[PDB]
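Residue strings, one per chain:
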Amino acid sequence: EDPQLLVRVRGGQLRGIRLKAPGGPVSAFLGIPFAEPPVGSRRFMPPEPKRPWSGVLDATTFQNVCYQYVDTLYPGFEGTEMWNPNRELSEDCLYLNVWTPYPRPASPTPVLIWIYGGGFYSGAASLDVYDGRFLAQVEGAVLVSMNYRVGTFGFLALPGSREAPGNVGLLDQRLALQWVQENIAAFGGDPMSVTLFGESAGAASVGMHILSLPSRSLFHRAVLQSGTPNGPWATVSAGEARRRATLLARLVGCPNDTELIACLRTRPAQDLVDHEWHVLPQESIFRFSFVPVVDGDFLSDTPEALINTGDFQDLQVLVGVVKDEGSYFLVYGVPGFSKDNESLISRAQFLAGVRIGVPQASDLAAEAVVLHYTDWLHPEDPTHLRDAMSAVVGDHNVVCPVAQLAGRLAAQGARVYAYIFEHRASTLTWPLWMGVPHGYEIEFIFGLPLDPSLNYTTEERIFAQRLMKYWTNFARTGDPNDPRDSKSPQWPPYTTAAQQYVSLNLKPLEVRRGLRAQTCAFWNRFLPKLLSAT
Amino acid sequence: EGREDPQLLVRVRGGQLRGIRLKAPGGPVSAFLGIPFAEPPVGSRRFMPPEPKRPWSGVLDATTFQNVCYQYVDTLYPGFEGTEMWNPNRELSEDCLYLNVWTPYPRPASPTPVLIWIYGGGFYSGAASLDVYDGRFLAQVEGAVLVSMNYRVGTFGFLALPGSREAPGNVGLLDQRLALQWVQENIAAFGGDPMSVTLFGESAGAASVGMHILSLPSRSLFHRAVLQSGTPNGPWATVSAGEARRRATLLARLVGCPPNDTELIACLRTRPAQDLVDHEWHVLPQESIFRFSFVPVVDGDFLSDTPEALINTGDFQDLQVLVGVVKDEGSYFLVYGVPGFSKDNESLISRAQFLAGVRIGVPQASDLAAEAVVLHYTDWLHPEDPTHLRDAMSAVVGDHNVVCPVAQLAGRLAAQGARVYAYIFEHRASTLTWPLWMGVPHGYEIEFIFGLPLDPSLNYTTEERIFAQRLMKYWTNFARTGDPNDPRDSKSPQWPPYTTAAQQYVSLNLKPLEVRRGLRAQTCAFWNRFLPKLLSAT
Ligand SMILES: Nc1ccc2c(c1)c(-c1ccccc1)[n+](CCCCCc1cn(CCNc3c4c(nc5ccccc35)CCCC4)nn1)c1cc(N)ccc21
Ligand SMILES: Nc1ccc2c(c1)c(-c1ccccc1)[n+](CCCCCc1cn(CCNc3c4c(nc5ccccc35)CCCC4)nn1)c1cc(N)ccc21
Ligand SMILES: *[C@@H]1O[C@H](CO)[C@@H](O)[C@H](O)[C@H]1NC(C)=O
Ligand SMILES: *[C@@H]1O[C@H](CO)[C@@H](O)[C@H](O)[C@H]1NC(C)=O
Ligand SMILES: *[C@@H]1O[C@H](CO)[C@@H](O)[C@H](O)[C@H]1NC(C)=O
Ligand SMILES: *[C@@H]1O[C@H](CO)[C@@H](O)[C@H](O)[C@H]1NC(C)=O
Numbered sequence: 004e005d006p007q008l009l010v011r012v013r014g015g016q017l018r019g020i021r022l023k024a025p026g027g028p029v030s031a032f033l034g035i036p037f038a039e040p041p042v043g044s045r046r047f048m049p050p051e052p053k054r055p056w057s058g059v060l061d062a063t064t065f066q067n068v069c070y071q072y073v074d075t076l077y078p079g080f081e082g083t084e085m086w087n088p089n090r091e092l093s094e095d096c097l098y099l100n101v102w103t104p105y106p107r108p109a110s111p112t113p114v115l116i117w118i119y120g121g122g123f124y125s126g127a128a129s130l131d132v133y134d135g136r137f138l139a140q141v142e143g144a145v146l147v148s149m150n151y152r153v154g155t156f157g158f159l160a161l162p163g164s165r166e167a168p169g170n171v172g173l174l175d176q177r178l179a180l181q182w183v184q185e186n187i188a189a190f191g192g193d194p195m196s197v198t199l200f201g202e203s204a205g206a207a208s209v210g211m212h213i214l215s216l217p218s219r220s221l222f223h224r225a226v227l228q229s230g231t232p233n234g235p236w237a238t239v240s241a242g243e244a245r246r247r248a249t250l251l252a253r254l255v256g257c258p265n266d267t268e269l270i271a272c273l274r275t276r277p278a279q280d281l282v283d284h285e286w287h288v289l290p291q292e293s294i295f296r297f298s299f300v301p302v303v304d305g306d307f308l309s310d311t312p313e314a315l316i317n318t319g320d321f322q323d324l325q326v327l328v329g330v331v332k333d334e335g336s337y338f339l340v341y342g343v344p345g346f347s348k349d350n351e352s353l354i355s356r357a358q359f360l361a362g363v364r365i366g367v368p369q370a371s372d373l374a375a376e377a378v379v380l381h382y383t384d385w386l387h388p389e390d391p392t393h394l395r396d397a398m399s400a401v402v403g404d405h406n407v408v409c410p411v412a413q414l415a416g417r418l419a420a421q422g423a424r425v426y427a428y429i430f431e432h433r434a435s436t437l438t439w440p441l442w443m444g445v446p447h448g449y450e451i452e453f454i455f456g457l458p459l460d461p462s463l464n465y466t467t468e469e470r471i472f473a474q475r476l477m478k479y480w481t482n483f484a485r486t487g488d489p490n491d492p493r494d495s496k497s498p499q500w501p502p503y504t505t506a507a508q509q510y511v512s513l514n515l516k517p518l519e520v521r522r523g524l525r526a527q528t529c530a531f532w533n534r535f536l537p538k539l540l541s542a543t
Numbered sequence: 001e002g003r004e005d006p007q008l009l010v011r012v013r014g015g016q017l018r019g020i021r022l023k024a025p026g027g028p029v030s031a032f033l034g035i036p037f038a039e040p041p042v043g044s045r046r047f048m049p050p051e052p053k054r055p056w057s058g059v060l061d062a063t064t065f066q067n068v069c070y071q072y073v074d075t076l077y078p079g080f081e082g083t084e085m086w087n088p089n090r091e092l093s094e095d096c097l098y099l100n101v102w103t104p105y106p107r108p109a110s111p112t113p114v115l116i117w118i119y120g121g122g123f124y125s126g127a128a129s130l131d132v133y134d135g136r137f138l139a140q141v142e143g144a145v146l147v148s149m150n151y152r153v154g155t156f157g158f159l160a161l162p163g164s165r166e167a168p169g170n171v172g173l174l175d176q177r178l179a180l181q182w183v184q185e186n187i188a189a190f191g192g193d194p195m196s197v198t199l200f201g202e203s204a205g206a207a208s209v210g211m212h213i214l215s216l217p218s219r220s221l222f223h224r225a226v227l228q229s230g231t232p233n234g235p236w237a238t239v240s241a242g243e244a245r246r247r248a249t250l251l252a253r254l255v256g257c258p259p265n266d267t268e269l270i271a272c273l274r275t276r277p278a279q280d281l282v283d284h285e286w287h288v289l290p291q292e293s294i295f296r297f298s299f300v301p302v303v304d305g306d307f308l309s310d311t312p313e314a315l316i317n318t319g320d321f322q323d324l325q326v327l328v329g330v331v332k333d334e335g336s337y338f339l340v341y342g343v344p345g346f347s348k349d350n351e352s353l354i355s356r357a358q359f360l361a362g363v364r365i366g367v368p369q370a371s372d373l374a375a376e377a378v379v380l381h382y383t384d385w386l387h388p389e390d391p392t393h394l395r396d397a398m399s400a401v402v403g404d405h406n407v408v409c410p411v412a413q414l415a416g417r418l419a420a421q422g423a424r425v426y427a428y429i430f431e432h433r434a435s436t437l438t439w440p441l442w443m444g445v446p447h448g449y450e451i452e453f454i455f456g457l458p459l460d461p462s463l464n465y466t467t468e469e470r471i472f473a474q475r476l477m478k479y480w481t482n483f484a485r486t487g488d489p490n491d492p493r494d495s496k497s498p499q500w501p502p503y504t505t506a507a508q509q510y511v512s513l514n515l516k517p518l519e520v521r522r523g524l525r526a527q528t529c530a531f532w533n534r535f536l537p538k539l540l541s542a543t
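Those protein sequence lines, which keep their order, are chains B and A. Letter by letter, the first sequence follows residues 4 to 258, 265 to 543 in the authors' numbering. Letter by letter, the second sequence follows residues 1 to 259, 265 to 543 in the authors' numbering.
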């Protein structure tokens, strides 16, 4: 036996695996149970801490992926399959992973906790792009990722009930955060320096931990990559969650909350998944059926209310977006869009797309979107219309909620750093029109280009190394700038006055001002006044 | 006669005229000033359509400018050239229906294209006798026959009680039409081609030119048109029959006239001209800028429907139009009503002053519509910057009232068969006395088109004299051929026609022609497509 692979955590002993990273070994502890399997009577219920075990628990393999819908849009295509589960689907999925340097850090090391995305309906901490071996090896970081319940299983709520209260997927995350406080020092991690980081629904989850007091004592810093707690898709009202749960219950033949939930618990997992998509109020894109609910418990008020009134004085936040946030969403529901053609659309297809892309918009509000995004010099140009459609979806759902979050946190005492990731991976198999799509920065931050077998360019390996340094410098100090590098250009904090952000690309840092300032003034200030007054 | 200069004796349908040999920088010109074209619209004739001038006996002396139509005299900045250059330069009288004619000296042997000037001044002011409307340069240098007429302004020209016989409205436009009919009958007596008449005007003059395009009985009296910083469509050029009835009834009330239309109009006719002027400004529905009390009315007669309806449905196939704007259309309007603005300070305003200004600048806007304007014109990087706010305020007024109505007109005419040429005049006169922040204000291209820099006594630069010469060539080539380009000078940048596809227009400045695309395309999509929908719905 290897003493570097033997760890005693409060629940008992574990045996990890020595893994080979490009520059040397790492110790990986995969499939650690952090909760009692949320099966049977415990379906839809908050997680319970995992009971202690006997002997040495084998923590050398990733555990099951939470029950979720498997994407079959483009079957066998690397572009879609890379996001699809890579372990067996099971309701017994509440396990976490830990990567540490080999040997175990001599002094307490800053901890980075990854919370995956997938619209709160999908994802796993076991996907290749979330591999913590590089950050652990190269930057000496203790990296943790956990599985949390997604879909009906994690977010089906009958608000006010005790059996299905909602937000249980976020409670699974909170329990993995409590686990880290209690056990990370056994791995050489500093429980007093925990940075949460996530992308898309993961970033929204990070934001929801900022906005929920019981989570606030479990971390010190936060990274929100292409996602926010505020916005059109991250939350639903208690009413809308009640509507959706009652409809899915009807669809699966379930005729009192206790009675309804009891019946939902008798249904096989796949039956719930099979009907999940049928509860959305309109034909839409960037909208998910079971997402966090504004319950007045985990979320005391709507994220908008909480970000506008919160005190963020002793907080550091790294936020940002990718060049083309909304591009991939178009092939999943907008007529005229495909990965296999240049997707040059007509004006009619653009107006049609805006109603799907902004499903909550009135006729006047949709006209306001169309008139803002049209290039009145080339209003019929298919390339301009195709690119405008991507912008509507990315701006509405990601860029402008990020700009609003950065603005409110900065105004209310937080230390904020903002970025725009603009490098398209050389290895990308999605069409060129999709640009830098939502989620394709993750592989750089995690340092995948550093594996020569993955065939990224030399420039991409240097760029990934740079990104890993920003993220780990941020986790260490709350500032992404290298205290060693006495050379320019420094990454300035984002402020309400100067609105500074940086470009993350192959070229050195470039400081820009105003994150789509005019367009986001449209989404964040005008459009609410339009759906408000009428 | 017999001892007189034979080149100054001309007969017209009404009788004999004696003109005057004027001096232009490059030689003499013939001028026939103060020719009567109508029966004085006085007494019982006040508010009534003009009647053609009855013939006279003897030789009428046409050597001096005649009376300016009764109007409000501006006393904003008294003594200041900037305001006094626009103020009447002859006696104010209700007897003002006279026209002027400048022709080469000696008069052309062959029929010459005719240019007819229609002055601006919000339909409340103006005269064809102002120094900037001097036809002596265009006549001398370009051999043109230039005509300008006085038309009734204010209550006198545009007070209407729609449906009445006594005050039908648009009589100021009928005075213009009568001067157009006079040109058809008599211009050949001066060497002018009645078959090649180009109307040109600025501001309310340009709106009047547009109203002659949109009114069938005028269409047979001209062949081409120039609309400088003004249009028939837009927020200020017309009023509804209801709004005109409201305003006429209110002014009647204000001057002690109890409201029957016959009875009310009869009383208005007994009131001294100055009493009507003294109360003219008191009938505007809101605190506003770029809004005038008595303007053309959509009567279902001179204007068969609203100018918007007429420009959207009209066939403009055999029509050549030259349109354009100045760099800073709305700047001067700010000192005439927006708190925080003065010609005497740099006018750096606050956000509160900007929001306040938008309500004055867009008086017909709802709370939501005004918010849409504020959010569009704010620089979300520097939303408190006084220079940006001052400049945004000028842009709101200029765009709303001039730039975007011009863009809409150019678009509709081009789409419906017309040959449109569009420009942006960007040269600030070296002689300008308004502050630098005002840029190139509304009306300050006129002196260049008329060729005033050509007079050495006016102290313009050599570059400005070459530039004026260039402009006079564009306008007169346009009047001659319907194309501002010189077919001889093929090297010089070509002025392309404005089309709906390419949206081309040129920069008129000291530098050679530069072709640009889209006349403030995004912002005007806001004013012309969005904001009306913010009235059709909420
Ligand atoms: N079977 C069924 C029945 C009914 C419906 C649907 C499916 C679907 C649907 C869902 C998923 C895949 C394909 C189709 N939608 C479409 C809505 C979901 C599309 C949004 C979406 C799809 N995905 C795929 C997840 N994988 C990705 C993820 C990321 N990046 C990616 C980049 C490229 C491609 C995939 C990526 C970053 C974060 C991790 C997840 N992520 N978000 C509906 C919308 C309605 N209005 C009504 C009914 C249905
Ligand atoms: N006595 C009194 C009583 C009440 C009111 C007013 C006056 C005035 C007012 C009118 C003229 C000068 C000073 C003040 N306005 C303001 C009217 C705004 C008119 C804007 C305007 C002013 N002028 C002057 C005409 N001369 C000019 C002309 C042009 N350019 C110019 C450039 C700079 C300066 C003058 C120019 C283009 C050519 C035609 C005339 N032309 N348009 C009101 C607006 C209300 N809402 C209500 C009440 C009043
Ligand atoms: C792209 O392909 C899909 C079918 O594969 C089709 O519906 C769509 O019209 C195509 N677009 C173009 C531009 O041909
Ligand atoms: C890298 O390229 C080589 C061919 O040069 C190929 O054999 C290998 O499988 C590639 N790997 C990936 C992951 O693309
Ligand atoms: C300009 O002067 C006027 C009064 O003459 C005043 O109302 C305005 O506030 C002043 N503006 C500035 C910028 O000083
Ligand atoms: C022109 O300049 C002279 C000074 O050389 C001056 O006396 C005269 O008043 C000026 N006239 C005008 C119109 O500016």
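If you are wondering where the hints come from, they were derived from the structure by calculation, not from laboratory data. Ideal Cβ positions, reconstructed from N, Cα and C, are used throughout, including at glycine. Treat the hints with care, since some could be wrong.
So the derived list for chain A, only partly shown, Cβ under 7 Å to chain B, looks like this [said to hold, decoys possible]:
{"hint": "1", "residue": "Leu315"}
{"hint": "2", "residue": "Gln369"}
{"hint": "3", "residue": "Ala370"}
{"hint": "4", "residue": "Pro517"}
{"hint": "5", "residue": "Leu518"}
{"hint": "6", "residue": "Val520"}
{"hint": "7", "residue": "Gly523"}
{"hint": "8", "residue": "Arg525"}
{"hint": "9", "residue": "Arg534"}
{"hint": "10", "residue": "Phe535"}
{"hint": "11", "residue": "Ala542"}
Checked hints:
1. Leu315: Hint on A:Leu315: violated, closest Cβ of chain B at ~23 Å, above 7 Å.
2. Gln369: At about 17 Å, which exceeds the 7 Å cut-off, the nearest Cβ of chain B leaves the hint on A:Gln369 violated.
3. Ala370: The hint is violated - A:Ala370 has no Cβ within 7 Å of chain B, the shortest such distance being about 14 Å.
4. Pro517: violated (24 Å)
5. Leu518: violated (20 Å)
6. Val520: Interface hint status for A:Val520: violated (14 Å vs cutoff 7 Å).
7. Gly523: holds (5 Å)
8. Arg525: Constraint on A:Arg525 not satisfied, violated at 9 Å.
9. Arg534: Nearest chain B Cβ about 6 Å off; hint holds.
10. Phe535: It holds, given that the least Cβ distance between A:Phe535 and chain B is near 5 Å, below 7 Å.
11. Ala542: At about 5 Å, which falls below the 7 Å cut-off, the nearest Cβ of chain B leaves the hint on A:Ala542 intact, so it holds.
Violation of the numbered hints given earlier is confined to hints 1, 2, 3, 4, 5, 6 and 8; the remaining hints are satisfied by the structure.
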